[PDB]
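**Q** This is what each chain is made of:
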Amino acid sequence: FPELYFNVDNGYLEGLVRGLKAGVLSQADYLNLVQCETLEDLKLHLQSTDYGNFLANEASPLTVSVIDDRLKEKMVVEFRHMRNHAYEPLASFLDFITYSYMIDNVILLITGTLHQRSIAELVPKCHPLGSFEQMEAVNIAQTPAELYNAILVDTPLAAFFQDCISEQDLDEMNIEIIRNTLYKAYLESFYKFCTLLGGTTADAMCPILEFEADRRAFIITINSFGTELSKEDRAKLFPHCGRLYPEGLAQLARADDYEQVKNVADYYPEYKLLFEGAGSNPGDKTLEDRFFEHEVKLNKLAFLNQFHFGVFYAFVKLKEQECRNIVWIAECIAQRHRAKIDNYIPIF
Amino acid sequence: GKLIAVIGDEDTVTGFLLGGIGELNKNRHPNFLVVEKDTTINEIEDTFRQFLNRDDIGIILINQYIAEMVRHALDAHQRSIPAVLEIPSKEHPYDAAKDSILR
Amino acid sequence: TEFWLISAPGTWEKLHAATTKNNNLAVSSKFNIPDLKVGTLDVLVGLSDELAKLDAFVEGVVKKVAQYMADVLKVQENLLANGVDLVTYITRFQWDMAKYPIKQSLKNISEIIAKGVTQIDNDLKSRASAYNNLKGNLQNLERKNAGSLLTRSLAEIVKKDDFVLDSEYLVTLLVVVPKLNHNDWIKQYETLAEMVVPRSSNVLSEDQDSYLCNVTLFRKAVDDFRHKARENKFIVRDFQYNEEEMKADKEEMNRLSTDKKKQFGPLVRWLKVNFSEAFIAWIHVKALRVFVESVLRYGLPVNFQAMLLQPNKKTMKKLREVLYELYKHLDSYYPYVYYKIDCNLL
Amino acid sequence: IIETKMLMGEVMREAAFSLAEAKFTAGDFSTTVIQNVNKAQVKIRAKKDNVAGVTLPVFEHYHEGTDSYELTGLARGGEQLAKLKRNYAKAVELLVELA
Amino acid sequence: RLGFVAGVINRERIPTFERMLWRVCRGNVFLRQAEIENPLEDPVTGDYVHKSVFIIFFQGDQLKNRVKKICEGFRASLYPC
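Chains as they are written, first to last, in the deposited numbering: chain d, 4 to 351; chain L, 5 to 107; chain G, 2 to 11, 18 to 80, 86 to 344, 366 to 379; chain H, 51 to 149; chain a, 167 to 247.
Do not take every clue at face value.
[To be verified] Derived DEER-like restraints, expressed as beta-carbon distance ranges:
(1) G:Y253 x d:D287: 41 to 51 angstroms
(2) a:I236 x G:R332: 21 to 31 angstroms
(3) L:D42 x d:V79: 16 to 26 angstroms
(4) G:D375 x a:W188: 22 to 32 angstroms
(5) a:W188 x G:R332: 13 to 23 angstroms
(6) G:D375 x d:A238: 57 to 67 angstroms
(7) d:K239 x H:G115: 45 to 55 angstroms
[Said to hold, decoys possible] Here are the computed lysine to any residue pairs in the SDA-like style, where the Cα-Cα straight-line distance is at most 20 angstroms:
(8) H:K135 x d:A31
(9) d:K46 x G:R238
(10) H:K89 x L:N29
(11) H:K133 x d:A31
(12) G:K240 x d:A31
(13) a:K234 x G:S55
(14) d:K343 x H:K89
(15) G:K340 x a:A200
(16) G:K191 x d:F228
(17) G:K240 x G:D196
(18) a:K230 x G:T47
(19) H:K89 x L:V38
(20) d:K265 x G:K191
Source of the hints: derived by calculation from the structure; they are not laboratory data. Yeah, the Cβ is synthetic: ideal placement off N, Cα and C, and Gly gets one too.
Turn these sequences into a full structure, and let the hints guide you.
**A** Laid out in structure tokens, this is it:
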């Protein structure tokens, strides 16, 4: 029943985003990039795939940093083409994906605001997907983040700042805590919105958002051992969004040890067999080299569902895996350190 | 001299700031200088004059690829403090500059 | 299996036999303990924090050697001087030659205990890590002989007839081609590069997906052939005479198996003599810990009235209650001297 | 001088490859690390030494450790960090000894 | 040889004071109560309670570290006699 519509408004954008999926580099394409010896040879090998002639005009010395941003500028103009054509079941959905980059741009903007610097920080050092080229009051704000928070509510992140006291961000809360509290309220608001959309985009997306909350649950309670943040702080840094919510979030708040987050991960059979990264073994995939492969596995299963909006959010998270992989290929080649060049994530 | 200074490169300083050598007293200056593609040779030379005249700077780290431009400025510095070192870049490996003092 | 350890001073050493009359609860053996030197109050109480540090530490040593006993090949064969753990508990004495009764009990008894077992402890982490490296290299051993022909070690598949040696201008490159791409390769292998010897297509071996084959080719065109092979999904694997040293890795395929066999005997005899000494030291710190706090909670005319106990399962709730009524009348967390010891290892 | 100068070239090469690894795991930190500097965690104090009555200036390093990157990453990464920190605090352990 | 320290504590915490002192010192201590009358006031700790006196001899000179933890845990104020 929710499937014989959704070609009225979003029929053209489903085939367009699936046509972009066929250009994601496969296992055979990744083997050709490994055998390169120079970044000049990597430029000719990338000409066989969809990327071709994207590094034609840059320079004779090809640094790895100009490969990075030119890869990320291609996926921006691919995404910005799609957001201009979604009418309104999908334009507000595509706006939700850019809120993850709007959060990272806002916290980057409040730090220099506390240290008395302005617009020159904004234009070169912000993500183009969640950007500030509209709502021009936020650009002219050089005030010390109290007359600028009243400007910051003029921005679609205003619904997430209702747990953010304006004085509390003025150096009374740690700058990393103000990211993970914003990403917390972003995740339930994105989980609730995909639950209002019914049918295929409710069981192809909330399985991805359940694991994303439990990446946020596990990595917080492991990297908060040596540092002086209380257990009530990391308990409110946990998104109430996924499989660990009524039971596992209580046990992660009491951990104090890596072994105690391990046995509470063994209660969930999907989240165990991911905790075998085992960095005590000298050379092996670490815990977050196993969380990434489970992340792209759920995004790959999103394409098996057909009439749904989750094909768009999976496409951004897999095109971001391309810019992570090719840079990791190019940084092993430019440093001539290709003994761990196989540690990429082979999505397709 | 109690501080370590770094001129470095873009990827070099963010590794060394993670080591714990960065310090910002808002009166005088920052004790580092990120050198990007669009900064002039003069701006590297002023901050080199800043770190040599600063009292708290005891060590001056700099990549040798960046030190190849200000080489005329550091060949005249022949004092014991602050020490100037040339560290290798992500791309650029190594060799010159202190053995001018010893052949 | 759990174990229980309670001392009850206040004849009174016939009244512990009245606790053996509680036959539904435990068997309640003696564990007689020789007298140790007294002569302190101040550093005696300060000792008890160090004995609290020691027994929690040295039980961690004997627990991780129990989980390491799966590595040698669950099973309970942990003997102590030709004695099972439970039959040693009923007949444990202090040795009086390894831990002297003449010296003061507090520091130089506990230091030679602590220096001794820690020397066993760091020797365990250094020696066992070396043998664990050899099985990790043996984990790489069968990993070399697994997978497809591109990634498998080629130490057995070689033949000198399948190569053109004598390097002057020619070389055989090992190219692997999928089975579905067979007909497109046998028409194009002549024209993937210039100056290809146009008849050298011979299928060395195959798998269920692909086949391994040879191309004799000029030395100056090895790269352009490899480049055009990648453009039409053929894979070039380079080969050299290090396979004659991989024949010495076939020796290492036997060598890593033999040093696995050679070091296995020395490993288990190292564990059996050390953990038996480690477990005996774990009982001796309990005898020191029950010697202290029994002269504090109870009196010291000369010495406290010593007795110990024997384990219990699924009546431990009523064992606590039958002992709480007897010993809350003694005094004005347990209301007597008590130390939970844990018999099972894992 | 010559022996430890080719030894820091291998350590700084290892620290540079650690950097790449961290960026693969954990976003981009080229503005978070640069903006948040307030005070120094590694400092030096000039000690004195002598050979045949010639006073030699020498450097001694010490950590007044208040970690300004105590919470960096913490949601994505933060395990590649605090070993990139270890790869670079060991680098400034050696670069002070070379200086 | 030694063994004196005395101080002040509120009357509402004396029953749990002597029980916690009996537990962590493991016997070997002597405490005699002495009660005072109508409420006094220390400005920040503590405001407007009627307090009492305690004598904690112990004689130990290692137990001195094992009782100063107890007086700060129960928030008592001791004076040099």
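**Q** Honestly, which of those hints from before does the structure not fit?
**A** Numbers 1, 6, 7, 8, 11, 14, 15, 16, 20 - these are the hints that the structure violates, sorted from lowest upward.
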